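Form deposited in one PDB entry, single chain, as structure tokens, below.
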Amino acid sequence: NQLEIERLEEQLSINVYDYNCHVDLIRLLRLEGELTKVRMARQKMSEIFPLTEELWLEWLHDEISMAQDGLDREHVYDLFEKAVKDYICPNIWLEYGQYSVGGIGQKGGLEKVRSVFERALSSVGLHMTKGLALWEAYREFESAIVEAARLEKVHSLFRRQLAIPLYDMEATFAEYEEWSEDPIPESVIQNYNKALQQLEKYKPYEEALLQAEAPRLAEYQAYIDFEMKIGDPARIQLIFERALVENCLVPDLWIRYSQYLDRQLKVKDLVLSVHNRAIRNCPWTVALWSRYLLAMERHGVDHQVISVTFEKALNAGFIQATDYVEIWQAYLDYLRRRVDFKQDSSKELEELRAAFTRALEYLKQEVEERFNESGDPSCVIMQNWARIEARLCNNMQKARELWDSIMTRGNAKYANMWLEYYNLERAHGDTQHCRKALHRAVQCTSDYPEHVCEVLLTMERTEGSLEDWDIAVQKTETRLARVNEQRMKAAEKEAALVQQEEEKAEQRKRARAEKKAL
């Protein structure tokens, strides 16, 4: 049996991203009874993958069976704390509540049990199908500690629940009437009726969810669309989380959720936790990383931790080269917003300039090596560096050095490219340099040459000397003449190929053998 464990152990050392291998290794260590090794393998899997409810539960059950010390109780609590983070988990919460009851009597045991049930209810108390079990477990505990006056607390739990649309809530209203010696107040009956109307209202979606199987993403989306029209922040979070349990590998769903959080709730601890979980579920999508870095910046996360997050993004592994420029650009935009441009020379500015160099080299080395295509064809990073360096810093010279480099890459043929450079020179350079840029455009542009000529003639018309206008008409006339010659000649060749294909089709008319022997 140990032979097979060693096989799995080495298979993980070659590739640690084999989820099923981790699962197989743990099941075997657990069988062999290696207790410190199972926990070690479980801590190592959990740091890499978010774990499903069933995997957390077996781990929780195992630590609980062996906890034999008051300290191990504390350790089990720490584990429960880890488990609730990955996805919504009504059974884990229920297990946490029931377990925490065992520490009653100790200094904070009564308060602790109330703390976890209350936390459970905030997370899963509105859950149509699995929320009810939590309310019932909470009430049962409260009634078990008191006989005559804490009764107000048990009342409150009955009243809190009956204002919420849950399944079999009807049996809970009846259970409450019998229990209560005091009459059920009119306000409670009205909150219950409105909760029943909500229950009838959400019933078709819950049923569509039930009849559909499985992950039932389309039915989840319809539900989410519905809850957003209604607009209860608490219900919208719930329905997102419910959907994300079965569809955690659908990045657009994470985007949708995090986007709602980033625009509406705007609660730091919540939005960032959700971004992080998106990252653990779908590391391969760059938008998730760039949106994470955005959220960290909006909420004043320390620069060091934002930076270390970015470094993790570079190591996630993406499928496209374009993906790597996107992550670099998000980080670069972030570094750019940290600089005070009102004053040269900022330490932050040198950090920015250092980052740009690093990005271009990273694009030159790592991405080019793996994909064998540059990840930035139109050199958009260099363009941004150039724009910044010329408009925000008084360093037009660096902008020029950059642009000469952008153009050498066969980018010299694009009208829009020359114009991007021209406009940069028109704003922060001199007229002499616009003219040289424009004279170059005319010489090099291959897609829309008439366009760049018009731009050159317009500049000379408005700002140049008569010699300048005359040189401009000469260069443009000459250039356009050459263009029209090749355009016209190539049309001669296509017309010549059509005539060759007509004389080929000609021989086929005069040679039509209706009978074939071969």
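Positions refer to the first chain, counted from 1. Heads up, when I say rigid core I mean the largest set of C-alphas that superpose within 1.5 Å between the two forms. First, how it differs from the form deposited in another entry.
- Core-superposed comparison between the two forms: among 107, 358, 150, 364, the single residue whose C-alpha moves by 2 Å or more is 150.
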The other form holds:
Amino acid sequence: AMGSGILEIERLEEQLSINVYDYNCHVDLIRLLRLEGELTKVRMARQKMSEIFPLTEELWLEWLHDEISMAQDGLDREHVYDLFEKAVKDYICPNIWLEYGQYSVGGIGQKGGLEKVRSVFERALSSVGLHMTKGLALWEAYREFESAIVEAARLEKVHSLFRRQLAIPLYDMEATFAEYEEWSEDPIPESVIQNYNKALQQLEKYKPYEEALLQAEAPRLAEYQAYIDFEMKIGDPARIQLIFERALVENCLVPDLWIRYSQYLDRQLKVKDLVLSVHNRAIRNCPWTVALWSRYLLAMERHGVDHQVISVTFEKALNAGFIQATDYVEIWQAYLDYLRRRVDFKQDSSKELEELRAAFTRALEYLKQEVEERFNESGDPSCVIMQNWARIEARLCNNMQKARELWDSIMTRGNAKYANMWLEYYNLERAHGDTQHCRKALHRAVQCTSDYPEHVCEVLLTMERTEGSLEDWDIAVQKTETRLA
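Can I have the other form now, the form deposited in another entry, not the form deposited in one PDB entry?
Only a single chain is listed, so you will not see partners or other molecules.
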């Protein structure tokens, strides 16, 4: 039908105008914009999708090819580089690295672009150079490049690439050892023979695992978990990054896998940029699991990420949309713990303390409104945000009145039927109130508790026996008697 593309593009653009988080809508919109030839609009649509989602290697590769096969300038070259730089972040991508290398080969002649090629291949190798099946292509392409240059019969570059590859367990390395012997008229030194042979021993070691992947269907999660384990016991940080990544490209929706990888980096070789990177990638691949946002905020805090960045990240976390109210309480509590750990409490007043209190009010209102309106629940039925606030105010801020207010609020939402709650507040008054307030609290407790009144009773008697007048003890015995009768 005539002009159907125009109308369907309008339709999809409007459907995205309401629900921006529609992946298939972006994919469709982009293919139709390509068929109509609206090039700049394809570029924009692609940019918005890539800023919302991780793109697979095929989508990244399509966009890269379109920008490359359309580039007529040196500035276009720098912009293409920028696009590659953005493309490598999402997942492990051997082909993207290959294309980046070869496309960068065009950059020679321009002064600073021999090193540019070597940088691209070097980072390519550092990333996937160990890849059992796809690294070989990168080693080979890098060597083809150095061979096509090899100025003045200076084969130290090609030699080095051979010697670095041969010490590494990838497929058909025997073939590379072959081409090397037939190439280097000099002997292949015993360091290279020894390392080559232990490497071949690493191929034979790993064969059953790789063939487990080959046979398996779908995303092959089980096989990746077995390989993850095996490599994690063998304990090479490089090789466990590699298998975590290889498993993650195929299993990137599995949050617990992100947590395993995240946790290994986060706790064991905590290099800032790498863990912050992997956390960000986790919250882009599985934004529905608040745990990922929590560990990410904890990671940022641990690594001294600037204040404003953490705040903005929290805002993204709020907006991610979780399926349980306990999750909104959870992320709010994470943010508030961060805010509290920001305050010095030994000064009359603070800028940071006021931000903490303000964030508490905001958190409570947000649970009153957004979470209730979307769930018909409070998220914390037992007012834990308020509890933590009262604790802070009483124990750290000398502000006992606010704590009393907050516990008023806590008890009014039906928490007064619970002995545990009464004892939580009592312990607060005992900690930072006075004996009068503890008495009031425990009396009220004796007359409100529904689950375990005898427990509050015995605490009351204990308190008066320890500290109250004989009149006080007598009143206590009467209340408890009348209550438990």
